[PDB]
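Asker: Residues per chain are reported as follows:
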Amino acid sequence: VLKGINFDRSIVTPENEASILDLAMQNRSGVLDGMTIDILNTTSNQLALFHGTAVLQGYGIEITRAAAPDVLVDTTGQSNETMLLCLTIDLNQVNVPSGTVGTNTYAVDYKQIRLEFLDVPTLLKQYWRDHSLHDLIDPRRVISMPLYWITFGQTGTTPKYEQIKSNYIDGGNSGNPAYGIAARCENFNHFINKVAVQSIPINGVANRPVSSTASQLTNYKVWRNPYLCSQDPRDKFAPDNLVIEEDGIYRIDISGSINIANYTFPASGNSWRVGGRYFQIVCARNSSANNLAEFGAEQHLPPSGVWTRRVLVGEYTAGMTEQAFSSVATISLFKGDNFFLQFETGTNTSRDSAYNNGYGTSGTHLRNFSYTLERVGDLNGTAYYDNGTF
Amino acid sequence: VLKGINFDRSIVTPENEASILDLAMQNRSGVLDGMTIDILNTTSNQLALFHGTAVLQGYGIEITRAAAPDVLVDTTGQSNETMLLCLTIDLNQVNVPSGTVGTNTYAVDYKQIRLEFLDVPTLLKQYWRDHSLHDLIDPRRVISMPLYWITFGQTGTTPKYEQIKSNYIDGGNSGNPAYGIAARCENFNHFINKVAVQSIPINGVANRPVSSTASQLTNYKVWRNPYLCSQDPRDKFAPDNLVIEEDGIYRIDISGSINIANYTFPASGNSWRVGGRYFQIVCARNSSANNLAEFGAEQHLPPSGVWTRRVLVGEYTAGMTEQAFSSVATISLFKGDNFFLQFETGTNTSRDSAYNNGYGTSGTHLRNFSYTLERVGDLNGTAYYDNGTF
Amino acid sequence: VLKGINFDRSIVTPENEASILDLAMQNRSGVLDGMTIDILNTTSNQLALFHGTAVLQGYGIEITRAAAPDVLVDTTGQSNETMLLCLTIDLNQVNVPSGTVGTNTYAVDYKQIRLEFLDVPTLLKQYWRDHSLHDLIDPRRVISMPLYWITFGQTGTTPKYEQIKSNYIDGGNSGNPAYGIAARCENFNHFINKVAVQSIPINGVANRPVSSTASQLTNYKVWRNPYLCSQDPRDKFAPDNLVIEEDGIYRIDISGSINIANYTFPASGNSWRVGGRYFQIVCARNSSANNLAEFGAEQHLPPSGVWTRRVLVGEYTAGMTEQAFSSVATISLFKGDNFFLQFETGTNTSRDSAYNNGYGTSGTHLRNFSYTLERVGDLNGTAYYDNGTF
Ligand SMILES: CO[C@H]1O[C@H](CO[C@@H]2O[C@@H]([C@H](O)CO)[C@H](O)[C@H]2O[C@@H]2O[C@H](CO)[C@@H](O)[C@H](O)[C@H]2NC(C)=O)[C@@H](O)[C@H](O)[C@H]1O
Ligand SMILES: CO[C@H]1O[C@H](CO[C@@H]2O[C@@H]([C@H](O)CO)[C@H](O)[C@H]2O[C@@H]2O[C@H](CO)[C@@H](O)[C@H](O)[C@H]2NC(C)=O)[C@@H](O)[C@H](O)[C@H]1O
Ligand SMILES: CO[C@H]1O[C@H](CO[C@@H]2O[C@@H]([C@H](O)CO)[C@H](O)[C@H]2O[C@@H]2O[C@H](CO)[C@@H](O)[C@H](O)[C@H]2NC(C)=O)[C@@H](O)[C@H](O)[C@H]1O
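Chains as they are written, first to last, in PDB author numbering: chain A, 2 to 68, 71 to 393; chain A', 2 to 68, 71 to 393; chain A'', 2 to 68, 71 to 393. A prime marks a further copy of an entry chain.
Calculated directly from the structure, the hints in this document are not laboratory data.
No false leads were mixed into what you were given.
Identical copies go unnamed one by one, so any copy, or any two together, can satisfy a pair.
Below 25 Å or equal to it, Euclidean Cα-Cα: the simulated BS3-like pairs (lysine-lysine) are: (1) 4 <-> 168; (2) 4 <-> 114; (3) 239 <-> 224; (4) 168 <-> 224; (5) 114 <-> 128; (6) 168 <-> 128; (7) 197 <-> 239.
For reference, chain A alone in the conformation it holds in the complex:
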C-alpha cells in the first residue's frame, strides 16, 4: 500500500528522523564538533576523548562534558598493535531507559552506541562510507566511523595517535559537507623539463626558476579536503598525484602562462614568419593500482569505456615571451583513482618543441600556475553509466 511518513495520522519514528538528518547532511557522517583526543587524561589503561557531537547516518551522538575526563575508553589488553578508535552504532543492542518523565529522572544507557578499537579489515566491513543502516539491498545493523589511528606500544606505555580528518567535519565544508573544494593552490612557477611528457607537481612543491641558470624545489601553499582527496602515499608519485577518495563529477580549473616559450624565429627562409610550437596541458586519471584510497580500501571500478586523458589546453606558441592560458572542465573520478596534470610537447628544440635550451629563468617554464579541483556531482544510480565514462 501507499504509506505516508509525515502525514496527520502518521507516527514519526527514530529511524524516520535519522533518515531526515542524514538527508540534511548530504549523506555524509562525521564529527560535527569536539571528540578530539585528551592526552592529559590518557594513561596506559585508558584513552580519553573530549566532549563533542557526531552524526552517523542520521543518528546524533553526543559525548557530554562534566566537572574532564569527558569519556574514557578501556585500552587494557591492547599492546604492540595499530588499531582504529571507532564510534559504532549497533542496532542489535537495546537502549535501557531508567527513571521517568513526570519526575525529572529520565535517563538512557545507550548500549546501541560504543567507542571501540577495531583492526582495519573489521572497520572496512562495517564502514559507513561503504555500507549503510538505511541500505536498500544490503541493510546493516552495525556501522562505524573511524576517528583515530591508535598505535599501542609495550604494556605500560601511553599510545601514539593520528586523527582521521576525513571523518571530522572541521571547516571549509559545513553547508555542503559532501561537496565543495577537493584541492586548491596559490600561484606557483615550475621549470619545464626537457621531455615529451611530464606531470605538473600539484601537491605543494614546485621546481621554481630562481636564477638565469638554476631552478630549486620550493614549497607553495596548497590545501586538500581529506574527505575528497589525498596526496599519493607512494613517494615516487607524491609530488604529482592525488588519490581520489570519493566518486563523483569534479570540476578542474587551471590557469597560468608559459614563460620563455620557444618558437621558430622569423627568418628570410620561412618568409619572415613565426613558426609556432605545439603543446598541450592534459588532466589524467589512472586506476591501475588498487588500494590507494584511505585504509587501503577497495577502489570503485569505473564504467566500461571510462576516459583516462583529457586535453585542457591545446595550441601553438605564438611568438611572444609569455602566453597565458585558462581551462575549466568537468570530469568523472572514482574512489582509488590517481588524478594528475601533464604538460606535453615535442622534443626537437629547433623544430617542434615549446621548450628552449635554457635553464632556470632563461628556460621555458610555467609561471603563475594554479588550479582548483571541486566535487560538483555524484555518480549514484544511472549517472554511473550515463555521466561516469567522461
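The hints should help you fit chains A' and A'' with the ligands onto chain A, whose structure is shown.
Answerer: Chains A' and A'' with the ligands in isolation, oriented as in the chain A frame:
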C-alpha cells in the same frame, strides 16, 4: 501575534515537519528510490510498480514491499489514450487510522495519497513544479507528480511506458537536488561551415573532420540533467538547442581551440605583418516559441529588457595554426527558453574571415571543444528583476 | 557518557529540532517570506509589519495574518533617533501556554520572541552573525536579527525606513542560502587610463569608449548578494571596491579582451618582429580599513601571512588588434575586506606599455569584460589557518 514553531511549548504538526523536509530537499519533489514500473506483474487490467520512497512537497510517501506485486493500479476503462501515471496528495481526503498503540495494531489507510491516471492538462493544473500545498498566494489542497507516460492500446493489451526522469532523483544530484550540472560533454571536433553565423552542436553529434577533404557526423559523449534541460523536441533544432526546464542563474563554461585558423599572410605589401581575422563565440537564449518545456508547459516569461546574446570569446586570429580559448559566464535562463552557442566571423576568406577555403582537416574547425552548463542560483522574489535581465 | 539524540528511547526537544533546522539552513538565519513594513497601518505611535515566516538559529518564527494590521510595534518615546527594528529570541523568558489539547483551545503567549528597537552597538553585541544560542565557548540566551533601519523624526511624525536585505532570504539563494553568487555583471567596455596600475570598476559604472576621441561613464547591469558583499560605503572607492560581508573561500571568474592593444611594430631594426608588451590583471584584497562591513561591524582578522594580490592573467600583447583572456581562481576573503580588480602595465608607450596614445575607441580598452564572484567554502575551524592564507 509572534508565534514560535519550534519552541519549548510549541506542538510540531505534520505540515510543520513537511515544510522542514521540503526545505531540506531544496524545494524539489521526486522519487528518492524505486517506484519503477513492474512489467512482469502488469496485465491489461492492472499496472504494477515496485517498492520505493518519494517526497512530494515535504511529504514522505512509501510503496512497501511484501512476499511482489508491491502495488497495483487499476487500468480498467483506459484504452486508446496516452495518460500520465501520477502520485497525488489530496489534503481534502481523510486518512483513516485503525487499531491502537499499546497493542501492536496501529495502521492507517492513507486516502490523502493516490496513484492515478491523469491527462496532460489536468496534471499541469496541479503540477508540483507550478503549484504548491504551501503556496502563499494560491495554496492548493491537491498536488501531483508525474512518474510515467502510459500509452494504452486496444482493450485486452498491456500498455507501453516512458519514465518521466525529471521526477526521479536518480543520481548526479543527491545532496544538491535542485541545482548542479544541467549539461556537459567530452571534447569534440567540429567543422566550421563557410557562413557568417552558425550554431555549435552541443547535443551529442558533431561534424567531425576525418580526412584532408571530408568531415562526418560523429557522436560524442554528452549528458543532460532532465530536471534542468532537454534536447530541443523539434528536429530542425535538435542538434544545437537545449530547452531550459527550470528558471535560474546558470554558469556556462566553454573551452577549446580554433584549428587551421585563417589570417592574412605577412607579405611586402602589408609590411610583413599578420592580418588577424575577427571571430566571436556567443551564448544565446530565445523564448519566441512557447510550450517547448516538458509536457508543453507554459514558458516562464522573462523580465523586460532580458539579454538574448552574450559574447563569451571575442578576438582576432593570431597567425598560428591553432589558438586556444576559454570562457566562463553566469547568465539568466527561463523555463521554456532555447539555449545555444554560436560561432561568428566574416565571410570574405581573403579579407575578414577566421575560416579558410579548405574542407575536413584542411579546413578551419573547432578542436577539443567542450562545455558545462550548471544551475547556480534561483530567480525567485526580487532576484527575478535584479538578476534576471542578464 | 555516549548519548543518542535521535535514537528509539531518546526524547526530541525544541533545542534539538532547532539545531536540525539551523543545519538545514546552512547556519544562516533570516526572513523566509513576508515581514516587510506596512506603511498604511504605520502611525506616529505604532509601526506595522506584514505576515511572514523567519528562522533565527533554527527557531521558526511566524507573524500570523488576520481580518491587517498583521502585527504592531510600539514606537512611543522613540524620536530624533536612527534605530534598528529587530526580531529577538530571549530564552530567559517563559512562554505561557493556555487552554488545552482535547478542547480546541491550546494557545501560547511566546514571551521568548519580541519585535523591538535597538541601537547599533546593542544589536552588534547580540547579532546572530557573530553570536549563537548554540555556541560552544560563549553560548547566548538572547539573539537578534535586524530587519529595518528606522529613522524617527519629531514627536508626531511617521518614520523613514530602509530594509536590511542581508537578513531577508528573498531570491537567488534559497537551496544554498549561505553560499552562491556574491557578485556578477553583464559584459562591459572600459577605457584603460594611461597609468601603471588602475582598478577595474566592477560596481556598475564603466568609462565606456563611445567615439574615436571620447569615452563616457555609462551604467552596466550588475548584481550583488547583500548577505555576501556590498559596494564600498566610501565614495572614493565606490566605483571599484566591494566590501566582503562574510568570510570564506570565494571563486573569482573573469573574461574579456584587451582591444587596440599596443605593441612594437615589426621594422627592419628589430628583424621584422612584433615587440610584445607585458600586462597583468590581478585580484586584490585589503583589510587596512576597519568597520567597512554592514553596521560598522568589526572586521574578521585574517591569518598571519594572508595574500593581498593574485595574478589572474599575466602575458604580453601579441601583435593583434584584440586579444581575449579568461581566468578562474579560488581565494580567501574575510568580513570587512575590500576586494577589487586591477590592470597593470608599463607607462612608456614606445617601449613597455600595453596601452597606446589614443582616446575613446582609438585608445586601448577592455572590451566584453565581465566577472562572477561566488562563495564556495567556509573558513571555520582548521580551514582558517590551512586554507585562509591564500
Ligand atoms: C602502478 O601504476 C602507477 O603508474 C602509472 C604510470 O607511471 C608512469 O610510468 C612510468 C614510465 O613511463 C614507465 O615505467 C613513469 O615513471 C610514470 O610517470 C611519471 O611519474 C612521475 C612521478 O609522478 C612524473 O614526475 C613523470 O613526469 C611521469 N612521467 C611521464 C613520462 O609522464 C601512474 O600514472 C599511475 O598513476 C600509478 O598508479
Ligand atoms: C521559432 O523560433 C525558433 O527560431 C529561432 C531562429 O531560427 C533561426 O532562424 C532561421 C533563419 O535565420 C531565418 O528563418 C534559422 O533556420 C535558425 O537558426 C539556425 O538554426 C539551425 C538549427 O539549430 C542552426 O544549425 C544554424 O546554424 C542557425 N542559423 C543561423 C544563421 O544562426 C531559434 O533560434 C529559436 O531558438 C527557435 O525557437
Ligand atoms: C584606507 O585604505 C584604503 O586605501 C587603500 C589604498 O588606496 C590606494 O592608495 C591611493 C594612492 O596610491 C596613495 O594614497 C589611491 O588613491 C588608492 O588606489 C586607487 O583607488 C581608486 C579608487 O578605487 C582607483 O580608481 C585607482 O585606480 C587606485 N589607484 C591605484 C594606483 O591603484 C585601498 O586599496 C583600500 O581598499 C582602502 O580601504
